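For reference, the chains in residue letters:
2 protein chains.
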Amino acid sequence: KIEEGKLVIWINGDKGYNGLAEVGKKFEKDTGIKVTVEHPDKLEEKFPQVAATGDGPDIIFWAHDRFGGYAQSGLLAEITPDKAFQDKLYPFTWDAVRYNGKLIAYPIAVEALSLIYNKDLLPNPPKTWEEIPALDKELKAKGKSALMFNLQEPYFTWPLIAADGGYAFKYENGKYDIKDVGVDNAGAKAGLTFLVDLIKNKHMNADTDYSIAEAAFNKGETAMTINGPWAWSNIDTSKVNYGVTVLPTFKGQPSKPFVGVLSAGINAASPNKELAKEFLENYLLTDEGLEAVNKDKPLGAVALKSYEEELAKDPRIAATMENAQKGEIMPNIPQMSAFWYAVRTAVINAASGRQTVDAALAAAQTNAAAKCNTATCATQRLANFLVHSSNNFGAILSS
Amino acid sequence: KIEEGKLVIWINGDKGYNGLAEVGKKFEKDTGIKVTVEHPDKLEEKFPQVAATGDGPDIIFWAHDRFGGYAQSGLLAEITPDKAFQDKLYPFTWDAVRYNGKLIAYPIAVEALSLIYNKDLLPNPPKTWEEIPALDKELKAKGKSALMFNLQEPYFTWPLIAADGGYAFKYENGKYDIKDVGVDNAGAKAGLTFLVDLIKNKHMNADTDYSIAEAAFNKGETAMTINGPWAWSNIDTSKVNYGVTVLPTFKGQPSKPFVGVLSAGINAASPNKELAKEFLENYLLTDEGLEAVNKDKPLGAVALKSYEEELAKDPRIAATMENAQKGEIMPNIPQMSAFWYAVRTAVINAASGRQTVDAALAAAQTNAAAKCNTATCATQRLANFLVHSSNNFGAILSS
Ligand SMILES: OC[C@H]1O[C@H](O[C@H]2[C@H](O)[C@@H](O)[C@@H](O)O[C@@H]2CO)[C@H](O)[C@@H](O)[C@@H]1O
Ligand SMILES: OC[C@H]1O[C@H](O[C@H]2[C@H](O)[C@@H](O)[C@@H](O)O[C@@H]2CO)[C@H](O)[C@@H](O)[C@@H]1O
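Protein sequence lines correspond, in order, to chains B and A. The numbering of the first sequence is the authors' numbering, which starts it at 1 and goes up by one. The numbering of the second sequence is the authors' numbering, which starts it at 1 and goes up by one.
Derived from the structure by calculation, the hints contain no laboratory data. C-beta: ideal position from N, C-alpha, C; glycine also. Hints may be right or wrong, so weigh each one.
[Claimed, not checked] Simulated coverage check for chain B against chain A, where a stretch passes if three residues somewhere in it have a Cβ under 8 Å from a Cβ of chain A:
| hint | segment |
| --- | --- |
| 1 | 43 to 53 |
| 2 | 167 to 176 |
| 3 | 377 to 384 |
[As the list claims (entries may be wrong)] DMTMM-like, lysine to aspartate or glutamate: derived pairs with alpha carbons at most 20 Å apart:
| hint | chain 1 | residue 1 | chain 2 | residue 2 |
| --- | --- | --- | --- | --- |
| 4 | B | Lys46 | B | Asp87 |
| 5 | B | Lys277 | B | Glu153 |
| 6 | A | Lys175 | B | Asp87 |
| 7 | B | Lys175 | A | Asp87 |
| 8 | A | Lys119 | A | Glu44 |
| 9 | B | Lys219 | B | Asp197 |
This is chain B alone, in the form it adopts within the complex:
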């Protein structure tokens, strides 16, 4: 099924897969082990479909939120980095890759969405969501729009939904209560209603996706976009004069983006687990390896202390971490797949006008929530506290 003496890697197509392929080439040059990097469509859905019967890649990269589900299904090898290696990465990042108390992936970098704006069109970007409609009116008369971002993935709309009170699964006292979903409270309704009204009032199009928003911003047709570190390098090439800053407030509250830790897991069925460990620990998670990936598409705030110290002075990373501090770490519980699936459908149905905000979010609450909560082991409860600790996250924040 999976080939012995070689490595296959899956990583998302928005990441620096060519940079990662360069790291694979250095690995092959030094060790003779071929590394093949692929970026399949819907890889986060395909992985569980293929790993169950011993197929799929040796190493899978994704934000940490999906890994709990994968671990629960028996798809991931427990990783065993030694103490000396663990000490090289920020503790917070290790805490984000624990499931049932075991380390189930190597953390790579911390991601959060920021407001990206065209400094020539918009020297003083808006501090609030409320002022965007008027900004869009002014710009439309000059042949431009105010804001375009991916409306097809709920990750991008979440910061606005969470701003005034929306939440996924209630986190409290080291545990996530899967009975208690906050996608249909007053805050979530207010946030999604604001988005839907932007669309009704012709300030945004319900069909806008990642590629459309990126092309619009990068060609100078829209003054702002919402995106993560990975997007910066294409903007660099476009020569649009851009800034990266704090997301706008809504009802006076900060936007609250979900925080992701890009992570690399090892397939439980891989016969190359030690080659995977060697590649990840000794090639990728080095200054040189991370630089290779980062130069392709920026990673955000990297888990490796030594390299983060170099990246810390970048204002764009400062903005990323400011937005992250205002947001919250994604849960990694197996119920996250159902949550994302339910919220994606609700946002698209409401933005399209097929459903009211209230009906869409009521359905999403029902479909995301479990009927009753379950047990959390002590080592995991500790991990949960640690990823909710500002002082723990602060080790990276100050860099």
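Since the structure of chain B is provided, determine the placement of chain A with the ligands on it from the hints.
Okay, now just chain A with the ligands, sitting in the frame of chain B:
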């Protein structure tokens, strides 16, 4: 050594030891086992001395702060209640009696100090410490005084010392740094200076102890005192019309009392551990058992949910919990002994004029601070997070 076929219990003399002896009589009726309740002076210092020689009581009652030291020293038997019993008490109270992964006592009640005032002498209690001098001046002209409280035990002066920034051990990210004490910072100096100034300006006396303050308040000789729930029954008998309220603010900041969980530990040297467990679970931690103790001297907010629901109606308990929310849970680390010794010494020396506030607190820092910072095991780091969770604690104060 400890006598087999009998239970000796130690409890502090301010508590309901006669009520506890009544629970003992019921135990004796059912089991044939005589229960002797004693209330030795400075029992929290005597226990570790006598228990280290295999002597002492079968069961020791004290606030949870001293129990980490006792457990570390090997003086306490591990508690293993079954899930059915555990579910009867608030989780937070169990979390307070964990030490390095083991339950080392049965929790009984949550204690915090409050401001107690004579409503006939003082209908409107002061919101600030700063207004007490002027208040004392008016009352001295009427043959009374404003405030008397125990200045001999640092437990009672700590809320003022901590108000403007004083702290015991620096607490961050689930861990205490025992090298970093806050008994000699600007906030601690300000608080102790204010107390010492009250004495210098003849608004308080340095020799005022527990007995002097209680007698003066209950005989109507002074207008206010500072004390815990246990004191309310003697005030009831005195017929003084009293209120229990929030502690005064200092420099605009809440007074921060240390919160204690009265707990019952089993002596590791006891040959009666199974009897002691049965006494505690099946006789004391019942509605009827806690009622007997509480009717003698109030316990505070009890750990037993069924009885706390019955006591939550009392405004004096609400006040106790408001003060606790403003304060901090006591650490249970072994170094707490040295901390209390250090602050006890400083307050007495400053109040007597034996040393200046600065010199006393300089010595306290040296006496309280460890030479190095020990590790924190993962189990205790978790318990630390749990006892600092406002949602965890909130389950009680909602009652
Ligand atoms: O939209 C739901 C989606 O959100 C997150 O995915 C992000 C990912 O974390 C970023 O690295 C990036 O590639 O954009 C994605 C959104 O398109 C969750 O990680 C994911 O599981 C979820 O389905
Ligand atoms: O004053 C230092 C002393 O403070 C605490 O003791 C309290 C105790 O918690 C209450 O239950 C009560 O009886 O009043 C005591 C003060 O007299 C700490 O628990 C203790 O270890 C410390 O020595």
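Hint-by-hint comparison with the structure:
Under the rule that three or more residues need a Cβ within less than 8 Å of chain A, the assignment of the segment 43 to 53 of chain B is violated, with 0 such residues. Coverage of the segment 167 to 176 of chain B by chain A holds. Counting CB-CB distances below 8 Å, 3 residues qualify, and the rule asks for three or more. Counting residues of the segment 377 to 384 of chain B whose CB lies closer than 8 Å to any CB of chain A gives 4, so the stated coverage by that chain holds, three being the minimum. Between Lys46(B) and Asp87(B) the alpha-carbon distance is near 33 Å, which puts this suggested pair outside the 20 Å criterion.
A distance of roughly 32 Å separates the Cα atoms of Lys277(B) and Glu153(B); the hinted pair therefore is violated under the 20 Å criterion. The suggested pairing of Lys175(A) with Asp87(B) holds, with an alpha-carbon distance near 18 Å, which does not exceed 20 Å. With a C-alpha separation of about 17 Å, the suggested pairing of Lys175(B) with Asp87(A) holds against the 20 Å cut-off. Among the hinted pairs, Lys119(A) with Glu44(A) is inconsistent with the structure: their alpha-carbon atoms are about 35 Å apart, more than 20 Å.
The suggested pairing of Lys219(B) with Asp197(B) is violated, with an alpha-carbon distance near 26 Å, which exceeds 20 Å.
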